[PDB]
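Before I ask anything, let me first share the structure, which is written out below as structure tokens.
Only one protein chain is missing from this complex, and each of the others stays in its spot.
The letters A and B name the chains in turn, as written, and every chain counts its residues from 1.
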Amino acid sequence: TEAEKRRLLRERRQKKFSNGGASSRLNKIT
Amino acid sequence: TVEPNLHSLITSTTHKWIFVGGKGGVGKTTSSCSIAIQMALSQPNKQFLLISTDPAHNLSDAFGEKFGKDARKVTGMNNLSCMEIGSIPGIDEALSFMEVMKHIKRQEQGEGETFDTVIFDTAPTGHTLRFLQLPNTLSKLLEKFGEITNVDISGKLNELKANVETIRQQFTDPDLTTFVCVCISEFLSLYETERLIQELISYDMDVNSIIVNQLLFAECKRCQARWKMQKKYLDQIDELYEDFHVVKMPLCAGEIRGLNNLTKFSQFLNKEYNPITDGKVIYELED
Partner (left out) sequence: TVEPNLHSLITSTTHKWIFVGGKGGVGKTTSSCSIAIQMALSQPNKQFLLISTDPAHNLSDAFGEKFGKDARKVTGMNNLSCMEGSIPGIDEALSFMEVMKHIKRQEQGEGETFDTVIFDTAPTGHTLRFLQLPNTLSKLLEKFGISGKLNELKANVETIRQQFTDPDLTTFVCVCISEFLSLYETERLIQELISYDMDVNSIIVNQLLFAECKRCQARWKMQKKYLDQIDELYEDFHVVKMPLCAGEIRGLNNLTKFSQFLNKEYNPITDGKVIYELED
């Protein structure tokens, strides 16, 4: 199930986004 | 650690909808191409279709061959066609699209031969994307209007929701549709590009790929200098995209069109070009 793995990675990114704090991530990047 | 390429996708079988963009003269036009190339090649039993809304008629241009109001099989292939064409939000955007749907289906039916996978070139003005949220913010006040009436306004709203759900269900499946974006190694790209992604997620849209372009690889002074720019940047990306198809891509000197030049390019959307090895092939489109 190589594909799924991709979905998990995408989802992991989402958790990172939900978890990460885009407003905060944006602040550090800025 | 995932893959740098779009090979993995060059061969999707369940992708009947791909969206490509990149706020900038970052060059995604050619993108929109070099992709709709790698596909037909490696799925030739697939009538594909790549179209643009960029008034500029950039496609043909980037093709040294004219296209227009109706599907025309590329000259050189037999499976890759090309086709250049209420105050509330989302509105216009959708319809805009909508009519397209029909205007497209005309072109398959009235054509006879039908298309398999379809490839977009979001206006340089970005995306009419907006409208996905549409039926949500429209859910609250649909019930407000309901509570009071307890017919045409309700009609249109339900239709939109319907359409979006049907398009959305197929659309809001990462398997028929997803969203590559092109963007290069510079502040305004990055940020702005990054931004792109947000609104997309904001539309609950799968999206797994990044095409960085016009890179350097100085291995002239300002060159290597400049080079560092990009580099200071590439990384930025890599770090924050482990889970991404962050596809580095090289920069062949100057104009690059002619299906010839183009194909022989896009290969590197697969075997992500390597300077040292594949470095010969480069100056080939530099003449």
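We take it that a contact is a pair of C-beta atoms (placed from the backbone, for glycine too) under 8 Å apart; a residue touches a chain by one contact, two chains touch by 3 or more.
**Q** Have a look at B:125, B:158, B:166 or B:169 and name the one touching the chain we're not showing.
**A** B:125
**Q** Tell me which of B:4, B:21, B:24 or B:174 is the one touching the absent chain.
**A** B:24
**Q** Out of B:7, B:16, B:257 or B:264, point to the residue that touches the absent chain in the complete complex.
**A** The one listed residue touching the chain not shown is B:257.
**Q** Determine and list the chain B residues touching the chain excluded from the picture.
**A** Touch with the absent chain occurs at residues 23-27, 29, 55-56, 58, 61-62, 123-126, 186-188, 191-192, 218, 220-223, 225-226, 228-229, 252-255, 257, 282-283, 286.
As a convention for this text, only the chains that are shown with their structure count from here on.
**Q** So the centre of each chain is just the mean of its C-alpha atoms; given that, what is the distance between chain A and chain B in Å?
**A** Distance between chain centres, rounded to whole Å: 21 Å.
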